[PDB]
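Visitor: The chain contents come next:
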Amino acid sequence: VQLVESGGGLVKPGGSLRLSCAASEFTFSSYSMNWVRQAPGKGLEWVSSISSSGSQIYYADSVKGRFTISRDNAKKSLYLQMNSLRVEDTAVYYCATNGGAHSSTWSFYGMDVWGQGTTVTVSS
Amino acid sequence: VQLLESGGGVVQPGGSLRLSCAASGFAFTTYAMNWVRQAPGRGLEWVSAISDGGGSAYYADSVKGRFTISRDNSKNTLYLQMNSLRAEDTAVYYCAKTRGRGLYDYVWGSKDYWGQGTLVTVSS
Amino acid sequence: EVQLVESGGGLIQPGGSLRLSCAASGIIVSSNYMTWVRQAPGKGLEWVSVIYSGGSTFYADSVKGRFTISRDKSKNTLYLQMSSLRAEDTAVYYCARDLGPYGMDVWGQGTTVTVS
Amino acid sequence: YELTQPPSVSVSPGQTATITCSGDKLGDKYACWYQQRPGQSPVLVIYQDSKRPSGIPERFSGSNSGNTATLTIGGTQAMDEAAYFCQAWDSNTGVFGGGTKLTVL
Amino acid sequence: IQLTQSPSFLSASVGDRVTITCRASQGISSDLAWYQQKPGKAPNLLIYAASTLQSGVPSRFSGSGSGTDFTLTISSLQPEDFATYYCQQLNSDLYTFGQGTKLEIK
Amino acid sequence: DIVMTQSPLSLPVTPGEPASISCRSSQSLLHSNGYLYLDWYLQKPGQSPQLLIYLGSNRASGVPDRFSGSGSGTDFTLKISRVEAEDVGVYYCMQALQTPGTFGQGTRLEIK
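Protein chains in written order, with the deposited numbering: chain S, 2 to 125; chain K, 2 to 125; chain N, 1 to 116; chain U, 2 to 106; chain P, 2 to 107; chain I, 1 to 112.
Hints are computed from structural coordinates only; laboratory data are not their basis.
There may be inaccurate statements among the hints.
Below, simulated DSBU-like cross-link-like pairs (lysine-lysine); rule was C-alpha separation at most 35 Å, straight line [to be verified]: (1) I:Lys79 x P:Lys39; (2) U:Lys30 x U:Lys102; (3) U:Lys30 x S:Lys43.
So the derived label-pair ranges between C-beta atoms look like this [stated by the list, open to error]: (4) U:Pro54 x K:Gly44: 54 to 64 Å; (5) N:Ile28 x K:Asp106: 44 to 54 Å; (6) I:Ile111 x S:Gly8: 53 to 63 Å; (7) N:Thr114 x K:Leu5: 49 to 59 Å; (8) S:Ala40 x I:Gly34: 35 to 45 Å.
Calculated from the model, a selection of chain P residues having no Cβ within reach of chain I, i.e. all distances over 10 Å [stated by the list, open to error]: (9) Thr5; (10) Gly41; (11) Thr53; (12) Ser56; (13) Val58; (14) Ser60; (15) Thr72; (16) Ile75.
We put the beta carbon where it would ideally sit given N, CA and C, even for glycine.
Sequences and hints are given; from them, build the entire structure.
Guide: So this is what it looks like as structure tokens:
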């Protein structure tokens, strides 16, 4: 598929955002999605992940209780609720497909299709 | 309506404690709860909040990880986990219920009813 | 702001027909519990009827088989079909809004019904 | 769980590069490697510690044993100058390596 | 159910502490509403759920009791505090009232 | 963080006189859904606070009619119709919009 993200903008610490990652084709249904953020000065961080069915949802230790990944295979969209946006969350986020249907098969694949990242900035 | 806060006393610098907010006279099954601290002559400052059925565990930075909260929806009680207590948490602790029971009445917002408070002293 | 206004009562021969009306401003009648309440001269308040927000009806033991409660969604109004009127029906009736654990928060001015 | 990659290594063009990845009992796990050329979204180049995805020339060779994951680039050229992230999965947790920068002269 | 107020005719001067009792015969424990009615007027809520102050009621009015006993307590009388005071069964099917207690500014 | 400053720090006012307490937010607390998420508290001396004003302009159950709130966006004022002898104590405001819940520093209305 062909992936495009949206939603990154200027918010102050503690604010709310809701990113997105839209797909071109309906092959989106067969891909377990991952959210990966890229620091302005460093490499990448894994943020979250979701299964193809959406029933196997995992978060990074630094982000649980704040973010809420969700998808809609009929809408060919991937979202990421972005609450309590906090001092080090400024980054560029990448939505990357795994291919493995469930979390048990994620280690047998890699994140292959990345969309153009969306810049998120938090500051007073 | 009664908000009986239990526990609390003199604990050791870096030691442990757990606080109980036994509530009665109201549902508590659809109501959110808040934890509020006040160091001696230093003003009301926030700590924690929980949703109707737990899971939503909302903390300030100074209690990041170090504090955790829970509720006993059957016995109608509120709890508060403590670890590695510093000298800045020496205070009297108020458990307070949110006004109300609908959404956009933020679980970290208005606090209608407050308790009597128990002093938590960290010293030697 | 929340006002109930009542009309339709009057001096009526025993056993006759009659109807009350209770217009409502602010409250939607079609989704709240509305009750009819009676007060005989020299006596206290007493319940008559309630029609549920879903449309289910209820009347008292002294009321069953005689009165009917009715509504209109277009005019936001409450009605009471008054029939088989005996001498004991001489009273003043108010319309009130029932909220269960909350009491009769709003009330009407009342209309005097006399039987002769 | 952490994966340790050297901050950067460099070789002259046309040489063979060698970039390491360290983890606790990391030879019991599957490791993926990615190429991030500056200003670019990364691309998967090695997965399953031995297999090479479609669209990648065979000079991207990776191997894993013990506590070290290694990637080998024979005949390094100009556009091999990129950030290289050794990846691994442990307990359903996506943990990325430090990311070794490769510089060609 | 049968609700009985006690006693019917009640008299006091301004400033007295009054305790109007509506006695529940079975025991319901949260279902009381206090209805004050100016002579020939529209009643109003005073205390709902038998203990909580209904909004806009002045703070001189209080309610107490739970279970089988119930009371209305007025901390400080006013010359306009004369009315007929009703108790009602909340959360019921017939919404039974009391007979009515007529406080008098006497 | 939303850092809120009260104004003024103290208001000793004789009973029977009117009093206004103002507390301004650093950010905008308006329209999470259309209301002003600032709440007003009174901590009377020696006992625990309860709500005086919620949602900027409205009050909770059983509050004296003398209390009223006003202001929108960043400036908010509490309006006591007639100070009396039971009104002594510190007044707090709180932003109720973002998760870090910050209270004011405490201005007492006292009897001078």
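Visitor: Decide, hint by hint, whether the structure agrees.
Guide: Structure-based check of each hint:
{"no.": "1", "hint": "I:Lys79 x P:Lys39", "in the structure": "32 Å, holds"}
{"no.": "2", "hint": "U:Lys30 x U:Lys102", "in the structure": "23 Å, holds"}
{"no.": "3", "hint": "U:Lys30 x S:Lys43", "in the structure": "25 Å, holds"}
{"no.": "4", "hint": "U:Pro54 x K:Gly44: 54 to 64 Å", "in the structure": "59 Å, holds"}
{"no.": "5", "hint": "N:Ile28 x K:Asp106: 44 to 54 Å", "in the structure": "23 Å, violated"}
{"no.": "6", "hint": "I:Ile111 x S:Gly8: 53 to 63 Å", "in the structure": "55 Å, holds"}
{"no.": "7", "hint": "N:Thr114 x K:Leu5: 49 to 59 Å", "in the structure": "58 Å, holds"}
{"no.": "8", "hint": "S:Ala40 x I:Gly34: 35 to 45 Å", "in the structure": "37 Å, holds"}
{"no.": "9", "hint": "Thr5", "in the structure": "29 Å, holds"}
{"no.": "10", "hint": "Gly41", "in the structure": "27 Å, holds"}
{"no.": "11", "hint": "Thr53", "in the structure": "7 Å, violated"}
{"no.": "12", "hint": "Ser56", "in the structure": "6 Å, violated"}
{"no.": "13", "hint": "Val58", "in the structure": "8 Å, violated"}
{"no.": "14", "hint": "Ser60", "in the structure": "7 Å, violated"}
{"no.": "15", "hint": "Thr72", "in the structure": "19 Å, holds"}
{"no.": "16", "hint": "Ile75", "in the structure": "16 Å, holds"}
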